[PDB]
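Chemist: One letter stands for each residue in the lines below.
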Amino acid sequence: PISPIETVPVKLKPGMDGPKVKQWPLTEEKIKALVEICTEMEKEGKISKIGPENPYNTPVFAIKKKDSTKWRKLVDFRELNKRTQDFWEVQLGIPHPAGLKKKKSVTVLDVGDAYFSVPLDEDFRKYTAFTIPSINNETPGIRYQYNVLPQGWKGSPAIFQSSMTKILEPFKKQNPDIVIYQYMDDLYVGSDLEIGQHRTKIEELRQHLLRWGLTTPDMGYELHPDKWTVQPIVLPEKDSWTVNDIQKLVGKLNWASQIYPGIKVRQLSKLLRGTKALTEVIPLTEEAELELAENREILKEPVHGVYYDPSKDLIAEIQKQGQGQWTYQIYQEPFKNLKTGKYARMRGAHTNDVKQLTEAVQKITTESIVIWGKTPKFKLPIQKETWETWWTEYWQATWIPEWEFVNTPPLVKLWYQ
Amino acid sequence: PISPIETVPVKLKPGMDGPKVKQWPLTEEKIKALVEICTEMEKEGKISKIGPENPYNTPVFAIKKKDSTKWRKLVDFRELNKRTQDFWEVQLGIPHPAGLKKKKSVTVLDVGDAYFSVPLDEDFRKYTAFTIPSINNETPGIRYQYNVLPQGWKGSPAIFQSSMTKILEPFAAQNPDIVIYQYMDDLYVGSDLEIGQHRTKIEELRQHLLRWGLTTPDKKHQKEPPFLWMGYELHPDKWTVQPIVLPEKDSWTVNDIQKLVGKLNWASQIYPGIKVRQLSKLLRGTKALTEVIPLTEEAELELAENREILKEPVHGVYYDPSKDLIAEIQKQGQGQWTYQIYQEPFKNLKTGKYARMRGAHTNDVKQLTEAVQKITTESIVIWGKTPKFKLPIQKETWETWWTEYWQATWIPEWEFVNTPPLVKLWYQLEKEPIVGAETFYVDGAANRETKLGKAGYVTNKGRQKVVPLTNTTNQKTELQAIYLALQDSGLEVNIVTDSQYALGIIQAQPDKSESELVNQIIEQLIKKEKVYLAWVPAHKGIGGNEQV
Ligand SMILES: N#C/C=C/c1cccc(Oc2ccc(Cl)cc2OCCn2ccc(=O)[nH]c2=O)c1
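In order, the protein sequences belong to chains W and A.
Residues 1124 to 1540 in this note's numbering are what the first sequence spells out, letter by letter.
Residues 471 to 1018 in this note's numbering are what the second sequence spells out, letter by letter.
Careful, some of the hints might be misleading.
[Claimed, not checked] Here are the simulated DSS-like pairs of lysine-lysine, each with C-alpha atoms no more than 30 angstroms apart in a straight line:
no., chain 1, residue 1, chain 2, residue 2
1, W, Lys1507, A, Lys1010
2, W, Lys1507, A, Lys855
3, A, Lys596, W, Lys1172
4, A, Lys708, W, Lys1136
5, A, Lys492, A, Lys502
6, A, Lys901, A, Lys946
7, A, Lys860, A, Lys572
8, W, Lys1371, A, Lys540
9, A, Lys708, A, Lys781
10, W, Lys1187, W, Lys1143
11, A, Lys483, W, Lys1249
12, A, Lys552, W, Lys1134
13, W, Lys1155, A, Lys483
14, W, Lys1393, W, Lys1371
Bear in mind the hints are in silico, worked out from the structure with no lab data behind them.
With the rest of the complex left out, here is chain W:
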């Protein structure tokens, strides 16, 4: 299009070089799709081919977007983000509303295309370099860099922030109770309205954004954050117990003590005094029921001294509970949980583990965005190469959270369900 004004100068923290990150091998299918997409973007001026004097590289992937049958290009900007935006969450930083999580419904719209209009600083372009790989190393890859604000770069909405504010200004005046937060390429819109009125208002915002030149490609995607809390730990309830069941109970309670220190197991541990068969039925005493009940009412009331620290990173642990169910905890420090939850989707065996874990990660990340305005670093119960191979199949989002892989779970599986 045109440069409406000059470019916003982009800088890196002094003493920091550009991203150099190897490109993952891709299927011929994804390579072809990337070739088409990038050819079209090259014809539109969005990206340009570069020479060998550009050392930098950033990974690219091909995803199906959400429900669509056509390919989308997804650039992994995490490294460039760490090397730039960490100074740009200050200089250009976008404030995060603490009322968004309190709304009864939150709809997510994709505003990314808006970035393609605005030019990028000439000096900074070389840092956006990416490579379309070739099969079997037959040729060196096809190399491009961005001439416009790239999607996935956290600096893009930071630069486009003023324009977005100006565009959203009229809508906010006619709708003062609607909360609108911008995270990367997405717009989160909260309301207390009835589902129908909420969707009507969302379509109003869509048409408003559309008549101002901002296109958006929009069950549907909508959240309900008012139900989001830290789930209580549950003790198994049975008519008649056994030695084994009581052992499990004492174990789980003793584990829960690391969270809620005011738990006393002394009575339940006595209930089996001598060496006994695991299947031996032990009726609980009065003191045993007293202590179990005293440990129950203390376990349904949330912890003390748990607050979100903006300085520390968010950490999300996920464990596989079997039968399509997964449990997760979001925490800054060990044993202090900011959020916990459980995810399950759909049966029929059409689903597999990797798909479930991927959708779970996406959901947890979206929750974390709505709540704290930033993404947690995941600890994934999956083999590294497996994940790195199959994650782009089911990935529907425009952002990539940080992650690592955990090889050492204990029995904590059934303690979290």
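Guided by the hints, dock chain A with the ligand onto chain W, whose structure is given.
Modeler: What follows is chain A with the ligand alone, placed relative to chain W:
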């Protein structure tokens, strides 16, 4: 000059300057030998005699080759190389022959004087300046600099590749019928065109390259198949590795073991069944560089097996995109796995092997999954697609495992081929406590100083045992307790342990390990009809009976 090729702009690293290293040395013997070079290079426009102002400098040596009739100039660019901007990396990996498509004809062209045929960015040229010295007596040295890509300069390979690509494009644009692979200096062209028109096309490419200043073989066709390339023999209808030579020695050296397992690993690409385990297990000790390392019986046996495998030549085929990609895996039994990738029954695209050398405990199913992953990765790299799998495991076994497994696992289209040995779970622990079974409360402990320690059990039937141990740790004692309870119980047994370690090893359901203890425990668990392992927190007085 060589101007028609567009120069690539180059900068020095931020906050640096061209190399100022001054060289007076050394000798009069090689000096005029250097002038005889630099004159002919100056005439060809590759270098230029430079004025007195603002020079930097770089060391220059002269040296000779065998069959001495031609001398050679050598410049050490190390400092300048340190001082120049990073460039996009030249290709790290090379194309794998198993991923190449069969073409009716293949031609290998090699451009000579490659780097010297590509101009260097003007403003940067002053940093390549080198000086031919003298005997003095009021004789300032002869000064030069490069107008082209200097040999040994950091930017030369990348800029050459770029230039070659751009030069190739107007040709390849008008010739989609033929395909040109570009590797270092060499161009490998191939086509399904008839031999005559193929040859004519090759000559056209040669002339096109010659107009850009890039020389190509004028004698015969040059290389004829094979085609010994990067450690391969490339035949028209087949590919193979180089001839592999396994040396025989009385005294094996750590370096020689390195080279040995190197050649064997390389051989595993094509020759199936190669086992690298024992010979590398020797190398597990990384100590010094010169250490003479004695063989083990298993290692000599392994080397012998490999020698018998390498007895006869084996050739792999090329890839046909119209045919399915099949991968087949077999277990070698030692924790070693082997696989073949083929579109056809009697011809392999390639082969390979997988081994888990990390961690003490694992099982066959998990290892099979890992191998499948490695093969999937390799296949995506080479052919750009994932293969159909033929696996020595049954649907029930794997469904059971991955449904019971804590990690998320992924498996593609795969079918059951019944080839012994099959992959199976040798035992399964009970998910619920057994009724009518003796309950063993087991424990073990050790002194971390004396290491003596003990292991034992107390049952609900009133039975008790305490066995003293020597040279052990709390881990070993705690596992020894479970083993002890497995020995003294019936076909159905309930075990209660206070340790997360032992529970962790057993619940992982390993069928093999690096510990004889864990192995014996495995054999016992296999012999048992029902085993229920349960855990309780220690020092809580839940009926576990301990000692110190
Ligand atoms: N130095 C040295 C060469 C190195 C070299 C390395 C890689 C590829 C290459 O040649 C090829 C070039 C392009 C294509 Cl589409 C296939 C090729 O098939 C190669 C397989 N082949 C080889 C020879 C022949 O007679 N027929 C064939 O189908 C040459």
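Chemist: Just to be careful, I want the Cα atoms of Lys1187/W and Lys1143/W compared with a cutoff of 30 angstroms; is the pair within it?
Modeler: holds (26 angstroms)
Chemist: Take the C-alpha atoms of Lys596/A and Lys1172/W, compute the straight-line distance between them, and say whether it is at most 30 angstroms.
Modeler: holds (28 angstroms)
Chemist: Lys483/A and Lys1249/W: Cα distance at most 30 angstroms?
Modeler: Given that 30 angstroms is the threshold and the Cα spacing comes to 15 angstroms, the pair holds.
Chemist: Do the alpha carbons of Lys708/A and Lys781/A lie within 30 angstroms of each other, as the hint requires?
Modeler: It holds: about 19 angstroms lies between the C-alpha atoms, which stays within 30 angstroms.
Chemist: Hinted pair, alpha-carbon criterion (30 angstroms max): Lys1393/W, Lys1371/W. Please report holds or violated.
Modeler: Measuring from Cα to Cα gives roughly 14 angstroms; hence the hint holds.
Chemist: Just to be careful, I want the Cα atoms of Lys708/A and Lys1136/W compared with a cutoff of 30 angstroms; is the pair within it?
Modeler: Since the Cα atoms of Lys708/A and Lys1136/W sit roughly 54 angstroms apart, the hinted pair is violated (cutoff 30 angstroms).
Chemist: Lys901/A and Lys946/A: Cα distance at most 30 angstroms?
Modeler: The hint holds at about 25 angstroms.
Chemist: Starting from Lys1155/W, check that the Cα of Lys483/A is at most 30 angstroms away, please.
Modeler: violated (36 angstroms)
Chemist: For the pair supplied as a hint, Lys1507/W and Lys1010/A, is the alpha-carbon distance within the 30 angstroms limit?
Modeler: violated (38 angstroms)
Chemist: Below or equal to 30 angstroms on CA atoms is what counts here, so check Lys860/A against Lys572/A.
Modeler: Satisfied, since the Cα-Cα distance of roughly 25 angstroms is no more than 30 angstroms.
Chemist: Hinted pair, alpha-carbon criterion (30 angstroms max): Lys1371/W, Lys540/A. Please report holds or violated.
Modeler: violated (85 angstroms)
Chemist: Would the pair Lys492/A and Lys502/A pass a check requiring their Cα atoms to be no farther apart than 30 angstroms?
Modeler: Roughly 20 angstroms between the alpha carbons, so the hint for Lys492/A and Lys502/A holds.
In this structure, the earlier hints numbered 1, 4, 8 and 13 are contradicted, and the remaining ones agree with it.
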